[PDB]
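Asker: Chain residues, written in single-letter form:
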Amino acid sequence: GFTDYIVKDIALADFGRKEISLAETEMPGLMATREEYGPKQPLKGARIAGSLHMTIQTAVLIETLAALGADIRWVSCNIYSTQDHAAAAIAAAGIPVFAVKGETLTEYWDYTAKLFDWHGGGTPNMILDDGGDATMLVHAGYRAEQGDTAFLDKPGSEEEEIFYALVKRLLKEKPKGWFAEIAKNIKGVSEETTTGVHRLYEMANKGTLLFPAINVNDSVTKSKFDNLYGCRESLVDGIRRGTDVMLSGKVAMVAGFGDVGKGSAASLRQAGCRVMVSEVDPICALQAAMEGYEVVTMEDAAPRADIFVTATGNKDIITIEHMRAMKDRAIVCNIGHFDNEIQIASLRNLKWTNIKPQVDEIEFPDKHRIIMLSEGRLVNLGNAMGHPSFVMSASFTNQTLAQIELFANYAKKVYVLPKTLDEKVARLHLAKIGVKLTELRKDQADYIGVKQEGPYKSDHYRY
Amino acid sequence: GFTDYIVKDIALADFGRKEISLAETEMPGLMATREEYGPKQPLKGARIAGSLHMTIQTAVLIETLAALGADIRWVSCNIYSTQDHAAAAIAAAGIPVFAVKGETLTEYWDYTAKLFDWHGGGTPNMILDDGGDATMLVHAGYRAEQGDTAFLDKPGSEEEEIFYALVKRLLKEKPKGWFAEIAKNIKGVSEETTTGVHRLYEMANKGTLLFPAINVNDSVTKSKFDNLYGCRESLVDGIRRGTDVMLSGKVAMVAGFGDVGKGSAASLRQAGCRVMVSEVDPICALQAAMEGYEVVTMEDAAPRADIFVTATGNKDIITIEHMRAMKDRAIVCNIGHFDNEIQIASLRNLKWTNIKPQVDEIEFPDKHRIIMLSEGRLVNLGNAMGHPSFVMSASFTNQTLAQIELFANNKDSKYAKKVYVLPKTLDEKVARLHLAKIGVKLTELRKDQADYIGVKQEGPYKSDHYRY
Amino acid sequence: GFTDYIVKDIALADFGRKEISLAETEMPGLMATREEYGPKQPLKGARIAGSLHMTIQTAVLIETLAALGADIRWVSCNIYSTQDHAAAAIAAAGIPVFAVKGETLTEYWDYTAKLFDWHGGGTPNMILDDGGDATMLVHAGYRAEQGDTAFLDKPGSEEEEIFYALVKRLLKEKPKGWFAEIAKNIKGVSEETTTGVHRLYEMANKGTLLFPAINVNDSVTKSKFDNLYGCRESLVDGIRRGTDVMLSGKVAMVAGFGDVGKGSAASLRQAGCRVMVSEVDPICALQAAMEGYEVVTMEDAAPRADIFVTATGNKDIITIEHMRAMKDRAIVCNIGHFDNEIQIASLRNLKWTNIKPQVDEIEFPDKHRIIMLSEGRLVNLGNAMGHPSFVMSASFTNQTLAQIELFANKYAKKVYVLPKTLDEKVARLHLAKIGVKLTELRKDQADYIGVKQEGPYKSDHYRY
Amino acid sequence: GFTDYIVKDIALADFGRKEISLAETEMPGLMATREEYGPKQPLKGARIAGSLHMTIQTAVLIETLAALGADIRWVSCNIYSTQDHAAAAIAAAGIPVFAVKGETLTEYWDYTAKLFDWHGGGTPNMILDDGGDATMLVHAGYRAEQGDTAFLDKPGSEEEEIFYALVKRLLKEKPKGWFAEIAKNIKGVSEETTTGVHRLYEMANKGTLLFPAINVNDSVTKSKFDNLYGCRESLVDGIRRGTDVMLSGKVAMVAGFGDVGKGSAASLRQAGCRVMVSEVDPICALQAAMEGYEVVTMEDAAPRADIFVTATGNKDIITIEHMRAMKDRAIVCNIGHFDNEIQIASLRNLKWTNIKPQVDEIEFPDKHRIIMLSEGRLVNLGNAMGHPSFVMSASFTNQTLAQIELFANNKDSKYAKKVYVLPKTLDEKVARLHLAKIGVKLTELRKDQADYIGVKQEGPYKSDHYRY
Ligand SMILES: NC(=O)c1ccc[n+]([C@@H]2O[C@H](COP(=O)([O-])OP(=O)(O)OC[C@H]3O[C@@H](n4cnc5c(N)ncnc54)[C@H](O)[C@@H]3O)[C@@H](O)[C@H]2O)c1
Ligand SMILES: NC(=O)c1ccc[n+]([C@@H]2O[C@H](COP(=O)([O-])OP(=O)(O)OC[C@H]3O[C@@H](n4cnc5c(N)ncnc54)[C@H](O)[C@@H]3O)[C@@H](O)[C@H]2O)c1
Ligand SMILES: NC(=O)c1ccc[n+]([C@@H]2O[C@H](COP(=O)([O-])OP(=O)(O)OC[C@H]3O[C@@H](n4cnc5c(N)ncnc54)[C@H](O)[C@@H]3O)[C@@H](O)[C@H]2O)c1
Ligand SMILES: NC(=O)c1ccc[n+]([C@@H]2O[C@H](COP(=O)([O-])OP(=O)(O)OC[C@H]3O[C@@H](n4cnc5c(N)ncnc54)[C@H](O)[C@@H]3O)[C@@H](O)[C@H]2O)c1
Ligand code: NA
Ligand code: NA
Ligand code: NA
Ligand code: NA
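Chains as they are written, first to last, in PDB author numbering: chain C, 6 to 414, 420 to 473; chain A, 6 to 473; chain B, 6 to 414, 419 to 473; chain D, 6 to 473.
Take these hints with a grain of salt, some might be off.
Straight-line alpha carbon distances no greater than 25 Å define the calculated PhoX-like cross-link-like pairs of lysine-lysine that follow [stated by the list, open to error]:
#: 1; chain 1: A; residue 1: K320; chain 2: B; residue 2: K446
#: 2; chain 1: D; residue 1: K211; chain 2: C; residue 2: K429
#: 3; chain 1: B; residue 1: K332; chain 2: D; residue 2: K23
#: 4; chain 1: B; residue 1: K461; chain 2: A; residue 2: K320
#: 5; chain 1: A; residue 1: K467; chain 2: B; residue 2: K422
#: 6; chain 1: D; residue 1: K416; chain 2: D; residue 2: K49
#: 7; chain 1: D; residue 1: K372; chain 2: B; residue 2: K442
#: 8; chain 1: D; residue 1: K332; chain 2: B; residue 2: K23
#: 9; chain 1: D; residue 1: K422; chain 2: C; residue 2: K467
#: 10; chain 1: D; residue 1: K211; chain 2: C; residue 2: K452
#: 11; chain 1: B; residue 1: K429; chain 2: A; residue 2: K211
#: 12; chain 1: B; residue 1: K467; chain 2: A; residue 2: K423
#: 13; chain 1: A; residue 1: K23; chain 2: C; residue 2: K361
#: 14; chain 1: A; residue 1: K461; chain 2: B; residue 2: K423
#: 15; chain 1: D; residue 1: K429; chain 2: C; residue 2: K429
#: 16; chain 1: A; residue 1: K361; chain 2: C; residue 2: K23
#: 17; chain 1: A; residue 1: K467; chain 2: B; residue 2: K429
#: 18; chain 1: B; residue 1: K13; chain 2: D; residue 2: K361
#: 19; chain 1: A; residue 1: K332; chain 2: B; residue 2: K446
#: 20; chain 1: B; residue 1: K361; chain 2: D; residue 2: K361
#: 21; chain 1: A; residue 1: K356; chain 2: C; residue 2: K23
#: 22; chain 1: C; residue 1: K361; chain 2: A; residue 2: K361
#: 23; chain 1: D; residue 1: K446; chain 2: D; residue 2: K429
#: 24; chain 1: A; residue 1: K211; chain 2: B; residue 2: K461
#: 25; chain 1: A; residue 1: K422; chain 2: B; residue 2: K467
#: 26; chain 1: C; residue 1: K13; chain 2: A; residue 2: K361
#: 27; chain 1: D; residue 1: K446; chain 2: B; residue 2: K332
No wet-lab data here; the hints were simulated from the structure.
With the hints as constraints, model all of the structure from the sequences given.
Answerer: So this is what it looks like as structure tokens:
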């Protein structure tokens, strides 16, 4: 009998195995990676603590890691993003997973802690992270442990106080110097996403980052496919499943026109919305305008749009006074980060009426309502199924190569994968979708000053 | 004390009511119709038997009819299109409904018959039909009642055998002349969809149509919105929910480029597929080409597309030989009619592996597999939630007007036993009811400009011939 | 030894012939019509007076008609739409053609009259028309001719004054009963466009239409291809050649969301504009909103848009008061009809500065300026080359069949459209060139949906 | 009588002046730079040699440079790209320009020579280059100079034996050592385009770069706007004007899916073509596939496509083998560089029939034909008017600021003989200068938000490695 998991319903494993099988066919990067490195066992001896959305696509990553030799513990990095049948399938395969769709904030953090008590004793020795929560627990616990503890009493939001409480409990409960023990053994962290990657650079900049980091996010085959086309597919999926609204004839507002805002704007415009965009970056604003989006402030958009999406990575994008101005039954959601793009906390003393999981109606004192999706957390993973498998194969092939890099083939800074590996990720996905790549003849290669086998662009190229 | 319904779980009534409320906001035509005709109760005394997908949108239509005075009994017109919280909410309102997502074919036809056993006794006096099943139940039983029973005594499909078995049962279990009783009481039928309306015209053409009919499908504000923009939103919704597959990068094939096929190809193109189309009609073919779609035969597309959608209203579109030639894990689905656009019957010797409701993996002798959605029945309603509310407001406002026309505006017998469409002024009225909700500001003709183009300021703005 | 033509530069004939050759490859339907009916000579004995934009595409139509046996005289139906090399090539082939890019309204009407003095004597016996001007001349002279002359003293625009002056002239120069003679000789008219078909239906409904007519515009394979895709390709072509502005990032306003408005909005949207639309028709307005266009009034748009396009066929769409509100150097143009969708007349006392042909900058007293294309006439024909040949093959195959119907093939003095099987046939004639492979119904399947295997496939009310 | 210009016609100056005035309104970035820097005269003493298409847009740049203090000499960097009326207006402004649409290759290089004889003797001190021709002139002459000359006697193309026999003539005709004189006085070069800049990078890498250089092509507000959106607007413009062909229904083939190829595919797809794409870079191939383009080889496309566009910057993309396999009257054109993307030389003995300027019909032994635009040279500038003004305003505001950096802000010598880019804050400023004209309203970061994402409120908002 296996005891060391927490999932909604183990019986869901066969359903999860079915969808994993279908996903494998859609993830050639991952499957080709298994066949290349399976034989070579480059992660043999890895103990990978994984904190990343426990979806069907992540199950395929997990078993890739396990096929490369890795020993695994896993949690979701979001309280609503777990796909319970994926988690059930992993648990039934003997991998400790602690992931429930709709976990509480306290459970979310307790489970993250569980990643570091390895089965058979000891710590992890690699972190695979999305949004940086597992890395942040290690760093906060290490800093409290070095003696700097007043910060844990700093008042904050609810989640922030749960986190401080968790660090206090681990310090009270684990042996002296537990966090230093973990920090010592972690050989590297690979980070999936823009927000978490920004945290890593700020810590590398303060000299406060405890082990090397590979920025998986800014592989070109991650940032310009997952963040862009992922969201182009999965944002409108989230909105439709949450609300079933007609998008043709609607006005949508997207805050942010980075990779996620571009894909989000595109998702809504392809689905038939007339899209407006806000930006603080004049180059990205000019991109939006050249794509035919009206570029406006949120104050301008607030009374006009039918649908609002935050896509910034920033905080306080849609505020109480915007929502006060919205039309009755405007739809509001977040595809960027955490839950602070929208001022969710300032809504908690209005009447919330739950419609169904991750769909709520919020009523203002003047009787106008808004429809809030996933309580302001990632809408594509919360209200639907996240990005489809194929584009996740790109991102997760990057993740697997990043773990191989950090556990085998780096100083205490933040690195990207070499461009020939990035190009390799692309190559692995072309045959599945029928691309026939041309090859430079040698004189054509020489003419533009590249090798026939690449890299084809300088490190500065932006695609 | 109410037990005259059959639904999956009456406990989903509260969830259903919440989505119904959300849908009212998205259905201005239906709600304005309640406001305008509510106080006039134009449907008082009406007994409307509805056979139309039991969705949240249909629930708003049903409550609009009752707001106008109608007594109602309802069933879904597909075994997989019921939205069980919508059914629950209607049954909890006291309205007889017999609608379950995943009902069997035998259950399906028995529920249709239950439409005609009015509560308190008697029959309906109106039919609101989608796809013509309730209308066909009356006409077939009437024909058999007349002594022309030959056709029952062997069918052609399984459903044709269940269906004829029903007719036989009703001839024995219902009183003598019951189908003539019904046909006598029915004052009209309004019919929702292309396939069902074609049946009506053929029956009218042969002089077998037993009561006046309004073709709601071919209102402009139905066929060029519902069939076109409805499918554009709901086709990939259903493919996404069933498979979670990445559409960008994939080749899709759509059979048909009528209104549904146009909306279905846009759905897949707008989602990022490279879309090819088949057609038999040279005009529709050339439209597909001019919109940038490659126009090929199914035989051409069979070995190369990732996704197949039938959208023809015809049969035998995707055959066993096509599916044999398909790449492994190709997705096959139908958004047109019945379940014989795809030869589903030809697959029933193969290993089916159920993935989840309405998603099956079918494995061929050569180990090649295909992914079948909703067993070949309407994918948008079976795998997702059908069209969204706002465009169904247009369809269903037309339905309501048509019900008013045949029930309350036929004292002079303006509607004979033929198939009619609503007048243009009503069709424009449907459009006008939906403009303010989406922020459209309409221009008003100046008097001079109105005279200049030969129209009244209040419309109608186009000849009856105009194709939009 | 011909001089029965008027063209700007007959030395452009070789160049027109080269582009005619190129267009023939692009016009499968016209060419297959030549091939199929040529040996039938169904137009032998026809004398076709054509009034239709003298473009390269129209040259291929004219030579198709001649190849089916027609005798021909031709003019352009718009003063800026002639392509001078196409006119030179038709003149050089020996066919009377009176068409110059930039002809004046006075010349325009003098040339239309030249249609009716048939070479070798007599009158024409068919009319192929676009916008109805040749038809209108016959009807006006015929009405005045039998006595009601008073309307000729009441012109309501300067073009009407020129047209009425022409009628007076003819009635005095030409033999008595001349218009009654023409009217008797005309066996039919086929009419290209929405506006001209508007004119026929109202003459028919009033019982003043003098001969039978075929509404070619409302072939499916015309209105839902030419009016729609044609404008989609050629509206932005005209705006780019006249202004060379960047379209990405600009706001455009299209008045009307009929077929032309639909195509025009798509032209500007596809080019990169954020497009707003006006409509009086709630159904067309709802279509626009559902295709993602903001549907506003002209008054809402006037201070906002960078580009304005009238596509209504109505009058007084863009007024002096709208133009006074426009931002400086807004671009204004018409793709609908005549020049009364924009109040061009009202700008006649502002300072006009010609930039180049069909491009003018108009200064208001407050010094704000607007860019006017083609003096508010058809911008795709005025500033560029009209629709491209392939879509025009569809319209002109319909023209050619309508000429055959009325001349060789029952037709009362009403307005008729071609039978659906001919409409389908037009579409078939264009599939192989663009690589379409049509599916053939099995008898099985045809029987199931209620059609003959060979069509037609749709009821006559089907809207496509 | 100022005598020093070579144009097609001086009498076109007024028409050029009318369109320059129109273009200023469309070029808020250049005008803003004029107003802000005019008073500061940051380029008094500058003597800029410019080699860059003599278009209406270039004329506004030239006058901008002139307004900031510059003495100027100009040539076009393509034989067909000159807009004769712009040239005439510049000449009439008193500026030495030598540019004719349809100049010879021998005149082109002799004009490029006329650049370095500064009026009143002496040399330029600034090079503003598109393609690096005037740059390589200095460099190929300088190398020639103190030693190596064996490369001059080794041709390549016809435009390379002409280029070498020109280098021969200056060595001969100028004072001995004059190429060193020029490389001496040149404070810097700014380079407009991808092909030019890589040649700068190949040379700074070799240690043979003779003066500082700003890579203007890789400000974000050039490469991601001009290369992309410029070709999206002007590719189909060139093709329409050259051929008047219907694009809806046609298949187009685009070699390359860098910035120009992305722009080019979009231009054709938005105009109604079904677009196929070739690539050698697996990442750009994957981007095309994800945008819905079929990605194939040129051998696959050659018999299929109606329209071919080269967009690679590389040579031998379309060879005699491909063109032999094309369908009759296929359209072939190039928007990348030079005229060696298409093997034009392989057509040199076939029948060419000139349709009109920059449009030729080429007939093969088998009587099949292709239509070649601008003889294989840049189709958007040869057959139409190049990129529109608004997007050249972004490129040319970068050019202007690059000329200010190398001439005015190099006193500390912060620019050595390497290839630099402008600072991101200046790149951001170019973008800001174009927002108000197109009605963009920018949001302002509050300080806590700026801290949160790790940026100053005033920018730069992205890291130097960010890809947009
Ligand atoms: N839901 C998903 O599946 C998914 C996928 C990828 C990335 N992400 C997340 O999305 C967020 C954004 O990622 P990205 O890759 O687009 O980052 P990015 O840096 O590429 O883009 C962020 C944009 O936000 C803009 N911005 C910042 N503050 C703004 C404000 N107040 N108003 C308007 N715009 C503002 C910035 O100018 C920037 O251009 C992050 O939280 C990231 O981790 C989510
Ligand atoms: N799923 C939905 O929500 C929804 C919505 C509206 C209508 N419908 C149904 O969808 C079907 C189609 O409706 P429509 O309004 O588009 O009708 P239509 O008459 O407008 O279009 C059907 C098209 O299929 C083409 N066709 C017929 N046989 C073909 C074949 N063997 N191969 C390829 N093409 C063929 C026809 O030429 C025709 O253009 C009908 O059964 C209708 O009832 C479904
Ligand atoms: N330039 C071309 O090549 C070209 C091609 C085809 C037709 N046309 C012409 O274009 C005009 C329109 O043709 P159509 O086929 O689209 O006709 P249509 O009947 O299909 O469309 C006209 C539309 O204008 C709308 N309208 C009328 N007055 C309006 C107003 N004041 N404000 C806003 N909308 C108004 C109508 O409601 C209608 O939908 C006609 O003059 C026709 O002859 C030109
Ligand atoms: N006409 C214009 O207005 C204009 C504007 C900007 C740039 N350009 C020119 O266009 C060319 C391309 O510029 P860019 O910015 O796109 O550079 P880029 O580096 O961004 O893109 C070029 C692409 O071509 C691909 N490639 C190279 N050889 C190939 C082959 N044999 N087959 C298929 N793909 C191949 C490369 O992989 C690369 O992705 C350059 O010559 C540049 O100077 C022209
Ligand atoms: Na997914
Ligand atoms: Na729905
Ligand atoms: Na043309
Ligand atoms: Na230009």
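Asker: Now tell me, hint by hint, if it's right for this structure.
Answerer: Structure-based check of all given hints:
Simply put, A:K320 and B:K446 have alpha-carbon atoms about 20 Å apart, close enough for the 25 Å limit, and the pair holds. Restraint check: the Cα-Cα separation between D:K211 and C:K429 comes to about 23 Å, which is no more than 25 Å; the hinted pair holds. For a cut-off of 25 Å, the pair hint linking B:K332 to D:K23 stands: about 19 Å separates their Cα positions. At roughly 16 Å between alpha-carbon atoms, B:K461 and A:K320 fall within 25 Å of each other, so this suggested pair holds.
For the hint linking A:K467 to B:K422, the alpha-carbon distance of about 22 Å falls within 25 Å, and the restraint holds. With a C-alpha separation of about 15 Å, the suggested pair D:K416 and D:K49 falls inside the 25 Å cut-off, and the hint holds. Pair hint D:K372 plus B:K442 holds up; C-alpha atoms about 19 Å apart against a cutoff of 25 Å. Distance hint between D:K332 and B:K23 is fulfilled; the C-alpha atoms sit about 19 Å from each other, no more than 25 Å.
Straight-line distance between C-alpha atoms of D:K422 and C:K467 comes to about 22 Å, which keeps the hinted pair within the 25 Å bound. Restraint check for D:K211 and C:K452: the C-alpha separation of about 21 Å stays at or below 25 Å, so the hint holds. For the given pair, B:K429 sits about 23 Å from A:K211 by alpha-carbon distance, which is consistent with the 25 Å threshold. Taking the CA atoms of B:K467 and A:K423, the gap is about 19 Å. The hint holds against a cut of 25 Å.
Between A:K23 and C:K361 the CA atoms are separated by roughly 9 Å; this keeps the pair inside 25 Å, and the hint holds. For the suggested pair A:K461 and B:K423, the alpha carbons sit about 23 Å apart, so the restraint of at most 25 Å is met. Restraint check for D:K429 and C:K429: the C-alpha separation of about 23 Å stays at or below 25 Å, so the hint holds. Using a Cα cut-off of 25 Å, the hinted pair A:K361 and C:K23 holds, with the two alpha carbons roughly 9 Å apart.
A C-alpha spacing of about 21 Å is found between A:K467 and B:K429, which places the hinted pair at or below 25 Å, so the restraint holds. For the suggested pair B:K13 and D:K361, the alpha carbons sit about 18 Å apart, so the restraint of at most 25 Å is met. Our distance criterion of 25 Å between C-alpha atoms is met by A:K332 and B:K446, whose separation comes to about 22 Å. For a cut-off of 25 Å, the pair hint linking B:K361 to D:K361 stands: about 20 Å separates their Cα positions.
With a C-alpha separation of about 15 Å, the suggested pairing of A:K356 with C:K23 holds against the 25 Å cut-off. At most 25 Å may separate the alpha-carbon atoms for a hinted pair to count; C:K361 and A:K361 meet this at roughly 21 Å. Annotation: proposed proximity of D:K446 to D:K429 holds, straight-line Cα distance about 20 Å (limit 25 Å). A distance of roughly 18 Å separates the Cα atoms of A:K211 and B:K461; the hinted pair therefore holds under the 25 Å criterion.
At roughly 23 Å between alpha-carbon atoms, A:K422 and B:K467 fall within 25 Å of each other, so this suggested pair holds. Note on C:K13 and A:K361: the hinted pairing holds, with a Cα-Cα distance of about 18 Å set against a maximum of 25 Å. For the hint linking D:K446 to B:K332, the alpha-carbon distance of about 18 Å falls within 25 Å, and the restraint holds.
The earlier numbered hints are all upheld by this structure, with none contradicted.
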